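Next up: just one chain, as structure tokens, the form deposited in one PDB entry.
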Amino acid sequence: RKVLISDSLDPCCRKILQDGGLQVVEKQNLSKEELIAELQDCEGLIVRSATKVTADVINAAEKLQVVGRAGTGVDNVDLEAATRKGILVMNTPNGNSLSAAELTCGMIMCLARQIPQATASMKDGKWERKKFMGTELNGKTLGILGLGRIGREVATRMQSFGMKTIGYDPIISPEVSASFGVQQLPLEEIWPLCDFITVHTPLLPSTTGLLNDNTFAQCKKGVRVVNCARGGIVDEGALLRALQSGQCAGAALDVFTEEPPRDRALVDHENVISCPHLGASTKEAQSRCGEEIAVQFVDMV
């Protein structure tokens, strides 16, 4: 059939599809009405995160058969509406892991030394040595919640800095985590030990507010936290209260409960470092995800 790529993807996605004999239309930044119009001659749609595959789009897209997302999860696809119609939804759980792990490590280093703030200071003409006294990562404890693809890659990188890496994952055995140097403990034992906490779980009811007022209360005063997973795993209201009291000394956020976020209190806080969901924003990750999704479209004979 014919596939529309409605967001900006690596050009290899397009190449692999055509090599498989498919018509492609590559057209970014479509309005809701433009998207529906294009799709009515299309059985495939491929998105990244910008296009919102809502029930209304799906319902109006009568010939649609498969929606592919070139990223993890299905955050911008109404999976329930797609399933109600006969529509397959596919994604790319492997292609961007390494890039996400690397950003998470960068964010830890940025929290330790306040590099983003120091650059902003310098650009205002300031030379603020005292303000930007930091902390050394060597000897500190990093808590890693979620020890799948990304969590284990964060662990081995941060171990090279001399960090003690502890963590928790309901599915990963202690024996598997020991093989990448992560000691598992129950959550209640993790909180008071950590200098830094990073989350690498899916977003589920059980992981929403994984860090919240109750768990911040149990942390070491001055804990630094990273969320490069999904918005909401760290409760944003709790995080702001923790930053306000000094219970959390800083946070680094790639992701938000709303993207772009309309509430600016966290982004605007002096001790918060942020990015516009750049975890998979590398040429390499994008090349890998574009291939991953294209191959899945070709493999359906």
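In this text, rigid core is short for the largest set of C-alphas that superpose within 1.5 Å between two forms. Positions refer to the first chain, counted from 1. What changes on going to the form deposited in another entry:
With the core held fixed by superposition, the comparison between these two forms singles out 85 as the only member of 85, 164, 113, 149 whose CA moves by at least 2 angstroms.
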Contents of the next structure:
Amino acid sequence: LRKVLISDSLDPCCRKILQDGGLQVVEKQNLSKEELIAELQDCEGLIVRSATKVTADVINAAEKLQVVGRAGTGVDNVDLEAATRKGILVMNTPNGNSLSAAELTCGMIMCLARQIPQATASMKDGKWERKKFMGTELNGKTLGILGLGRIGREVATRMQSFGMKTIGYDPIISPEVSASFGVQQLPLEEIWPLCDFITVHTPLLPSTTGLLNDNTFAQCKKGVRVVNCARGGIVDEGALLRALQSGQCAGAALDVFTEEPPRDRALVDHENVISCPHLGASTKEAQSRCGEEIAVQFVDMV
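Now show me the form deposited in another entry, since the one above was the form deposited in one PDB entry.
Only one chain is given; partner chains and other molecules are left out.
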């Protein structure tokens, strides 16, 4: 039985089910550079959240090893050429967060539709302006969804109920299967001029790094509103800021950013932009089930 690290915030259900096979770990990560000489030197695995941006060296500094794995979304903190030193894989939990990012993005569609945070943020500033925050309805406006995996198909089944026409594009996914979850499929060329909203749930990829750039925004007709609760970057943040600045983008909702604590501050400060600190998988719920699924697909191989 080898014993590992809770190298980040994770619901203690995680550790209890992690151990009732024979395998615990220490209750912390409050740290950063020079106290993480402690969790080094031993261990075989690691169980994080991601605030543990494991450096180029601190996966090679625990050379007691074979694999690691984190409860949630991707790994936005591991250089894995600098991760896979010997026999490494990293297990992730791509199914557990599936439902709650869908919840987050539909909430962001509705806010993009109305401007709910802007209106209360200055109501709390003490102002009764029943004239500036006049929104648009969702039913009958046209939504476009790029990529169509778990999350997007859940976003879509949730949002065609509001009366929205759902189109999209996934290269692999048949037009037949998109139709069989009510999202029409297109080549991107026509997906732009047809849309009142655009959300994406695309992974960060070269095909998709900045897959909404100055051209796509030049093809969507005026005032479209982009939501991004996927990976930071899939919307060209400068190009997005430009479309925002003049009329091409009525508003935009952004859960992720190219630089994760974004030190670029032009977008969030913008009037038509609504924000969140990567709350995509942030429910007591979602972290519960990804901690379980990591700590079972971990505690039962080898």
